[PDB]
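J.: Here is how the chains run, residue by residue.
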Amino acid sequence: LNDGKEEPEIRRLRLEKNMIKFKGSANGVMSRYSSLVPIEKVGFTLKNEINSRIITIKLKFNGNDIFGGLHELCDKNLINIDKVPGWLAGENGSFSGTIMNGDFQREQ
Amino acid sequence: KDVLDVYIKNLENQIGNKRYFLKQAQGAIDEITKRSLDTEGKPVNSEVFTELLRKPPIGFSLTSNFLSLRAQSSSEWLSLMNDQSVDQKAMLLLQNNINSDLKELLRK
Amino acid sequence: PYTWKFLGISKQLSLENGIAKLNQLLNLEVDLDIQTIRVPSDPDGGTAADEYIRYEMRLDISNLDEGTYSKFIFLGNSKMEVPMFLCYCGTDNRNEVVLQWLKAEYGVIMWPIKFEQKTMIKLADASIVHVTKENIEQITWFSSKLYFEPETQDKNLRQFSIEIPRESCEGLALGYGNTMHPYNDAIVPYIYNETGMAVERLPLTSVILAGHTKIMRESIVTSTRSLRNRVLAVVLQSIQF
Amino acid sequence: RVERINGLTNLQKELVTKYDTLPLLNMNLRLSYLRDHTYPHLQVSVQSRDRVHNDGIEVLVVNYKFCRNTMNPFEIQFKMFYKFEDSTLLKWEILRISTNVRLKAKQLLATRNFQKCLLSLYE
Amino acid sequence: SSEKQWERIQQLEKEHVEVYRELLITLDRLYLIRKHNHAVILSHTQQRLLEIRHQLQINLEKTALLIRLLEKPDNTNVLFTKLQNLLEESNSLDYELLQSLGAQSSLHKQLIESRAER
Amino acid sequence: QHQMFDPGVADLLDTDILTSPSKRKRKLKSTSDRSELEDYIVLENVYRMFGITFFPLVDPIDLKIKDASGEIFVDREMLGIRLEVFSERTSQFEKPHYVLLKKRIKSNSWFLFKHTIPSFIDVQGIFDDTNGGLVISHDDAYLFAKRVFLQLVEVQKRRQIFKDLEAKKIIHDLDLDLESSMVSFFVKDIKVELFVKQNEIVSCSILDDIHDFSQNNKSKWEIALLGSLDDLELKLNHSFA
Numbered sequence: 307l308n309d315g316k317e318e319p320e321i322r323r324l325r326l327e328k329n330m331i332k333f334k335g336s337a338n339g340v341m374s375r376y377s378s379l380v381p382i383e384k385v386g387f388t389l390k391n392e393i394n395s396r397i398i399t400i401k402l403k404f405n406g407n408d409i410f411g412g413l414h415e416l417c418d419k420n421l422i423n424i425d426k427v428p429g430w431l432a433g434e435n436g437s438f439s440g441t442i443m444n445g446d447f448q449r450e451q
Numbered sequence: 005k006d007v008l009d010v011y012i013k014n015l016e017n018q019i020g021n022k023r024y025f026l027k028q029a030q031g032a033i034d035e036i037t038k039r040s041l042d043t044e045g046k047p048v049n050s051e052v053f054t055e056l057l058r059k060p069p070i071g072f073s074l075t076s077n078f079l080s081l082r083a084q085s086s087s088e089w090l091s092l093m094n095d096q097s098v099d100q101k102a103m104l105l106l107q108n109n110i111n112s113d114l115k116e117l118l119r120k
Numbered sequence: 002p003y004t005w006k007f008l009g010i011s012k013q014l015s016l017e018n019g020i021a022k023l024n025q026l027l028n029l030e031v032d033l034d035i036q037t038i039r040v041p042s043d044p045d046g047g048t049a050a051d052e053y054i055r056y057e058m059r060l061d062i063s064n065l066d067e068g069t070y071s072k073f074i075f076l077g078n079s080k081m082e083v084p085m086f087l088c089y090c091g092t093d094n095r096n097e098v099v100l101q102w103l104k105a106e107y108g109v110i111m112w113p114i115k116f117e118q119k120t121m122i123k124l125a126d127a128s129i130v131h132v133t134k135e136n137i138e139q140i141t142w143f144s145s146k147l148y149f150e151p152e153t154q155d156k157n158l159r160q161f162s163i164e165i166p167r168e169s170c171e172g173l174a175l176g177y178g179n180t181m182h183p184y185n186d187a188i189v190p191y192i193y194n195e196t197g198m199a200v201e202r203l204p205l206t207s208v209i210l211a212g213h214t215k216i217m218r219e220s221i222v223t224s225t226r227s228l229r230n231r232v233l234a235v236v237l238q239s240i241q242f
Numbered sequence: 124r125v126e127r128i129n130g131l132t133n134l135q136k137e138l139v140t141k142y143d144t145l146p147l148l149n150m151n152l153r154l155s156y157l158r159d160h161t162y163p164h165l166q167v168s169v170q171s172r173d174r175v176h177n178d179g180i181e182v183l184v185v186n187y188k189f190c191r192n193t194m195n196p197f198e199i200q201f202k203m204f205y206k207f208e209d210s211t212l213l214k215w216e217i218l219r220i221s222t223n224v225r226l227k228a229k230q231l232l233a234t235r236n237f238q239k240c241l242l243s244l245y246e
Numbered sequence: 004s005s006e007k008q009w010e011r012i013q014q015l016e017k018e019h020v021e022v023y024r025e026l027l028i029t030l031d032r033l034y035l036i037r038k039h040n041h042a043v044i045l046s047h048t049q050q051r052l053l054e055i056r057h058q059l060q061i062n063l064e065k066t067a068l069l070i071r072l073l074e075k076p077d078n079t080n081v082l083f084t085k086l087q088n089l090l091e092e093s094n095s096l097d098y099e100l101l102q103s104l105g106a107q108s109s110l111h112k113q114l115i116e117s118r119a120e121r
Numbered sequence: 120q121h122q123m124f125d126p127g128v129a130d131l132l133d134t135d136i137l138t139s140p141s142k143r144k145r146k147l148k153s154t155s156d157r158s159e160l161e162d163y164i165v166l167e168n169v170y171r172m173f174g175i176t177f178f179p180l181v182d183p184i185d186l187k188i189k190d191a192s193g194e195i196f197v198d199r200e201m202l203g204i205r206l207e208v209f210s211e212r213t214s215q216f217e218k219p220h221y222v223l224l225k226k227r228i229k230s231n232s233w234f235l236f237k238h239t240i241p242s243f244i245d246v247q248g249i250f251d252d253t254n255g256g257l258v259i260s261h262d263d264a265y266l267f268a269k270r271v272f273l274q275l276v277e278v279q280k281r282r283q284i285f286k287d288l289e290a291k292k293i294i295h296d297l298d299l300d301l302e303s304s305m306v307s308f309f310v311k312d313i314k315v316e317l318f319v320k321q322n323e324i325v326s327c328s329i330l331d332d333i334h335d336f337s338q339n340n341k342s343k344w345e346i347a348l349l350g351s352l353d354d355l356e357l358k359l360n361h362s363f364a
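These protein sequence lines are chains N, K, L, P, H and O, in that order. Reading the first sequence from the start, the letters are residues 307 to 309, 315 to 341, 374 to 451 in the authors' numbering. Reading the second sequence from the start, the letters are residues 5 to 60, 69 to 120 in the authors' numbering. The third sequence begins at 2 in the authors' numbering and counts up by one. The fourth sequence begins at 124 in the authors' numbering and counts up by one. The fifth sequence begins at 4 in the authors' numbering and counts up by one. Reading the sixth sequence from the start, the letters are residues 120 to 148, 153 to 364 in the authors' numbering.
Treat the hints with caution; some may be incorrect.
Unchecked claim - Computed cross-link-like contacts, SDA-like style, restricted to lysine to any residue with a CA-CA straight-line distance of at most 20 angstroms:
#1 N:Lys403 - N:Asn435
#2 L:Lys119 - N:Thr388
#3 H:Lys85 - K:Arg82
#4 O:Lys144 - K:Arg82
#5 P:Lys141 - N:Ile321
#6 O:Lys229 - N:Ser395
#7 O:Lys146 - K:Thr37
#8 O:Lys146 - K:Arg82
#9 L:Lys123 - L:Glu138
#10 H:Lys38 - K:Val10
#11 O:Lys225 - P:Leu183
#12 L:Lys146 - L:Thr206
#13 K:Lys22 - H:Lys7
#14 K:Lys46 - H:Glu18
#15 N:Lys403 - L:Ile163
#16 N:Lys390 - L:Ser144
#17 K:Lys38 - H:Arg51
#18 N:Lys401 - L:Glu138
#19 N:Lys316 - H:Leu33
#20 O:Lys237 - N:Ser439
#21 P:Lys206 - O:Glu161
#22 O:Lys237 - P:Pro146
#23 O:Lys144 - K:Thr37
#24 P:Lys214 - P:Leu183
#25 H:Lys7 - K:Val10
#26 O:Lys218 - O:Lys286
To be clear, the hints were calculated from the coordinates, so they are not data collected in a lab.
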């Protein structure tokens, strides 16, 4: 959040880090953003407990490839890779659901 | 690749040599400036400076970067330069039109 | 339903001096209110330079709709480098007529206004807050809905939203503790922590407080007929450089 | 920073650099998962290992010891030859068996498919 | 191909000369402070003469290896073949800069006489 | 030695790394490691020679810091299993299979997160059955792993024998389902449909019509084709005509 003064190699491996976090392989097993199975819509619902109070956040995404777009935003450095959870990265693909206790649960 | 491989290895070894030289050099600077326990400075004698003025792949690096930096910086100068000429000339012809127009207003 | 549009004013015109020539220009007489307000009364916001002067001017031949009800607001302050801005609502073209009079009369030059994402968040924080008769601040919670619209290759991600009901907003604000600007203070850091997403950096398009207002790129839409003072103060502070 | 890793890499830096999901290649870790997390009490050692580079064939003789019953562990020794390329086995031979299990295991070892023999001896 | 390593050197040579120059800058006044324990106050003109000497050292060293490579233009070192183009460009580019630098003065004089007229 | 440094400069500056590269190569960085990895992995081969093979694994997102020592740790343990079957048909191993397990946050018990096992092997049901579903011990994990491994071997064992029958021209062309449970083949001109459990044929059907293939002949053929798979090759060769 704090913040061209940069060199090639470390940037290359940063892009590789984003690649694997969104694709699972350094070579990027299937453009650099198109995913294996593109997803058009997903709806998530986080449920977390804070001070014995339950809090709901419901994210809704739309497009031709949600996770490819998020990958592009990561490349443009609008999103921090290390704080992207797996369910947001694309695992449990095609399943909208609720996440409780760090475990994905498909919507009924 | 071998000729470039061997040359990168020799120049990396020489770079490491120069890193150790700089590190031990600055260590000597620190220790002999600690011998300069006072914040003041000794007037660097002309005779001492005179005898420093009597005693003293590296060049390929020196040739390569003096020449390459002579390459793009020149093209940047003329390009930024010529870019200034074309549009300031455009101002000048617009300038002369207004002067020429206003010149007849003066006669009017 | 009550939309708004804001313009900047390059000189601290005394509108009362010139009301009559407007009236004959518009073929009607407009009201002109005067209020010296102290909007940022909280201690960290300040206790000086709060003395904004507010003007309410209206073109109400009638008040059956926004166009007839269309009311102008001028708010200015002498310490402000650009001293004053303007607000109006509705589709009525008499607004254009009065703007033309202003620019031709006072020799003043005017331009429209835009908002940044942080400006939008601050404005949304300013929208919820209310002050009691005892000069005490209070907050009314609404189900916030952040709504973004990014640009991505091949339209991979066209739009996405983050909806936050009243209970979640209140819980986040209380967890952060007693505070005055919850959206900036608590909610956005929580979103970033849970998703790594920087709401400030992301291409925000609208902030909707359900049943209360919609904050947008070029305009404000309001449930109430009028804008509370902190909204206008935030706008003015955003005009500057 | 950037690092080069291999089968000998310290697991800590493999983990710190872990942003993929592939198997951990830490080699003693795989060997331990095999040796004392799916085959505990199986004390095995390779006795000879020379490869005939001219023929390009590895030659192995590997000795096992099954020590669930430490009062009388039984042992066995496999000689074994594989192509060292294209991943193909040529032959394997049981050079040695402890007499305490010779008959009771011979019918199993008479069968091919070594996997069967070894893990069945274990169980 | 070999271009990867060639560019690795195209950056490592910038590093090499940067560091060689700061190494000279440490060496010279390390010797001076060796002569007197606290000779840290070398003057602006003294520093400038030292800088001039170091620039002359650039002259001598790059001349030295230019001699090494061109005195027997044998093209055995693939790097020398690239240094040929790298030398060609440096002196091919010069004429355009000289001419434009000359011409802009006349253009600005046209601007000045127009302003005086105005 | 040439003047790498001036003799008045080399008097102070250390020359040791130029006399020997060991002092410099000490920082930059062996033969034993490359040669001992040799025997350890050869033993690792010898351990993959068993088929059921635990292998390690981890999930990136589950890594955090302890906030006082500046040290990293993993929140949730993860176990990997590799499933190799010796293909006697080729004297090589088939492309392996993998199944991966994670620990619950509160319960301190495993749960099945990711796996490569095909859906016709209900790995989730096997896991829930093991120890009543409270899979904790590595012995319980190996029980689960052995169950899935035997279930895979029960597929490769059918595929190997059927491909062996095809290879020796005991049967004409054939088609297989993914798990090799339903199989169709022409023997010479007669064709047969089979449905097999692990190691055993449970139902049979003969489709072609031939002069000598009366219903009684058909019935006794179809009945004789049932039983263990090991005897199928023998009895089919005997019933060649």
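J.: Does each hint hold? Answer for all of them.
T.: Going down the list of hints, with the structure as the test:
no., hint, verdict
1, N:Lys403 - N:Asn435, "16 angstroms, holds"
2, L:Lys119 - N:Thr388, "26 angstroms, violated"
3, H:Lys85 - K:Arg82, "15 angstroms, holds"
4, O:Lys144 - K:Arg82, "36 angstroms, violated"
5, P:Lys141 - N:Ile321, "16 angstroms, holds"
6, O:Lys229 - N:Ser395, "17 angstroms, holds"
7, O:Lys146 - K:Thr37, "28 angstroms, violated"
8, O:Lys146 - K:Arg82, "36 angstroms, violated"
9, L:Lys123 - L:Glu138, "16 angstroms, holds"
10, H:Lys38 - K:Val10, "40 angstroms, violated"
11, O:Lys225 - P:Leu183, "37 angstroms, violated"
12, L:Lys146 - L:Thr206, "11 angstroms, holds"
13, K:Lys22 - H:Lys7, "23 angstroms, violated"
14, K:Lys46 - H:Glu18, "33 angstroms, violated"
15, N:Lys403 - L:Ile163, "7 angstroms, holds"
16, N:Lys390 - L:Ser144, "17 angstroms, holds"
17, K:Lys38 - H:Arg51, "26 angstroms, violated"
18, N:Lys401 - L:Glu138, "30 angstroms, violated"
19, N:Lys316 - H:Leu33, "31 angstroms, violated"
20, O:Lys237 - N:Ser439, "17 angstroms, holds"
21, P:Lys206 - O:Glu161, "16 angstroms, holds"
22, O:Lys237 - P:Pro146, "13 angstroms, holds"
23, O:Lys144 - K:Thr37, "30 angstroms, violated"
24, P:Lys214 - P:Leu183, "10 angstroms, holds"
25, H:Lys7 - K:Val10, "14 angstroms, holds"
26, O:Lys218 - O:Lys286, "17 angstroms, holds"
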